[PDB]
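Note that one protein chain is taken out, while the other chains of the complex remain in position.
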Amino acid sequence: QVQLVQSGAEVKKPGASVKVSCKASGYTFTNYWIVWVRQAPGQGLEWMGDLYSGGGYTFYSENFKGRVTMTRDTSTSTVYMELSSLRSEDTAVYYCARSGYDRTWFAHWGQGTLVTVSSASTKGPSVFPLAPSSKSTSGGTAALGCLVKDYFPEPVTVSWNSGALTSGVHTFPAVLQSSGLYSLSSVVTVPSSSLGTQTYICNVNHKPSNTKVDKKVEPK
Amino acid sequence: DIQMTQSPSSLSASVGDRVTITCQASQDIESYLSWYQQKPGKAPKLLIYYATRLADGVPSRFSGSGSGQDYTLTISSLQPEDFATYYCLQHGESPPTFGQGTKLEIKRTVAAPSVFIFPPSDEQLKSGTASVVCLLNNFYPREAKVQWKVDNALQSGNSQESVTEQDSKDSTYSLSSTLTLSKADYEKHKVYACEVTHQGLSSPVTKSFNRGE
Partner (left out) sequence: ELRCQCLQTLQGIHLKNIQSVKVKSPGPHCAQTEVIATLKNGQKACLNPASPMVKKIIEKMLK
C-alpha cells in the first residue's frame, strides 16, 4: 500500500521556478530517502539529488547544484523539489521515488510530473465526440472516441467513464499541428449491441489551462 | 562520475524467447546495481536490486547476475507484458547513474487492422473546422499505409497520424489519422474516404462516407 503522489503537470516561462510535491503514504515516512529523477528527451533517466525524510542529509547532483532545492515536511509526509532559473531545455517528466533498504535503489516511484518550460501561450483543448455510426461498426464491434484538439502544452489525460472503462481504450500520442498546438484522440471498441443501453463519457483533463471536460459520446 | 553502458540499445524478440540485457560500469560498483522496467507514459518500476535480488511481486522469469563492472538482466520466457524499456542504475559511488536504456519490442504473427471512420461532429463544424478521423485498430506489424481521398482525389498535406506503443496484452499497434479541412472546404466535397493497406489485409480496405448523410 506504498503510494507516492505527485502534484499535477505545470507550464512555466523561462526564468520562473517550479516546485513539485511528492506526498507519501503507506509506510513510516521518516525512515526512508526520497530521490528525484528527471526524464528529458534523449537523456533517458537522470538523478537530480535526494534527501533523507527523517532529516540530516540532502544531496544534489553537480548538474543542478545552485538551482535545485529539496525540502521535507514530516507533518504532511511530503517532499518538494524546487527547480529555479528554468530554461526551455528543463522540459521533462520529474519523478520522485522512495529508497529501498538504502539510497542505492529506488523501491517505489511517484507517477511523474510533466513540467513544460515555454514562452508560448497556454491554450485549453476543444473536445469533440467521435460518434459510433454505421461507418465505425463491423463484426459486432463498435468504435467511438473523443478528439481533443488545439491545446498547449502537453499533457492531456483522458479516462473513460471516470476510470471504470479501461478495456479496449487507445489514447494516442499527441501530434504537433502546424499552429504549434497539439491534438490527440482517445478511442475505445465496445459491443455494437449495447450502444443503446451503455453510456460512454470521455473525461478530459488539461491541468495547465485548468480545463476539465466530460463529453458524452452518443451514437450518430 | 561512473559511466553505465547498456547493451543492446534495442532488441526484438518473440513471446517465450529468453532475453539478455547487459550493463557495464566504468569501475567496480560492488553489486550496488538495480534494474527497472518502464512502460510508455508510466513511471519506472523496480525489478532487481543488489544485482540479483528480485523485488516483491516481480515474476520469477526476471533474474539478475554479475559483479565488479559487469551485470546482466535475463527474462527467461518473454511475455507480452514485458514490452518496455529497461534501465540499470548504479549507486556504488555517488552520484548514482543510469544506463541509457534497452527498448524491448515484441515480434508476433500478422494481425489485420479493423478500420473505422468518423465524420466531423456538428459541434466542430459550428467552429469553422472539419476533422475526419480514420482509425486502424489492433494490427501487426506496424507498417500500414493510410491514404485520404476526397471525391476520389488523393490528398496530401492535410493529414496527421499517430501510432500507439505496442499493446501490453496482444503486442499489436493502433493508428489514428486525422484529415483536417476548413468548414468551407469540407462543404465543397461529398465523398470522404480513408484507404488502408496492410500485410494482414487481402486487399486495401476503404471506409468512406458522403457528407451530410
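Letters A and B name the chains as they come in the text, with residue numbers starting at 1 for each one.
As a working rule, contacts are C-beta pairs under 8 Å (C-beta built on N, C-alpha and C of every residue); 3 or more make two chains touch, one makes a residue touch a chain.
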Per the touch definition above, residue among A:77, A:99 or A:159 touching the missing chain: A:99
Selected residue (touches chain absent from view) among A:42, A:56 or A:196: A:56
Absent-chain interface as seen on subunit B, which is shown: 31-32, 50, 91
Positions on subunit A where the hidden chain makes contact: 31-33, 52, 54, 56-57, 99-104
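Everything below uses one rule, namely that only the chains that are shown with their structure count from here on.
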Between subunit A and subunit B, centroid-to-centroid distance (C-alpha), Å: 18
Parts of subunit B lying in touch with subunit A, wherever the complex brings them together: 32, 34, 36, 43-46, 49-50, 55, 87, 89, 91-92, 94-101, 114, 116-121, 123-124, 127, 131, 133, 135, 137, 160-164, 174, 176, 178, 207-209
List of subunit A residues in touch with subunit B within their complex: 35, 37, 44-47, 59, 61-62, 95, 97, 100-101, 103-112, 126, 128-131, 133, 135-139, 141, 143, 145, 147, 149, 170, 172-175, 177, 183-185, 187, 189, 220
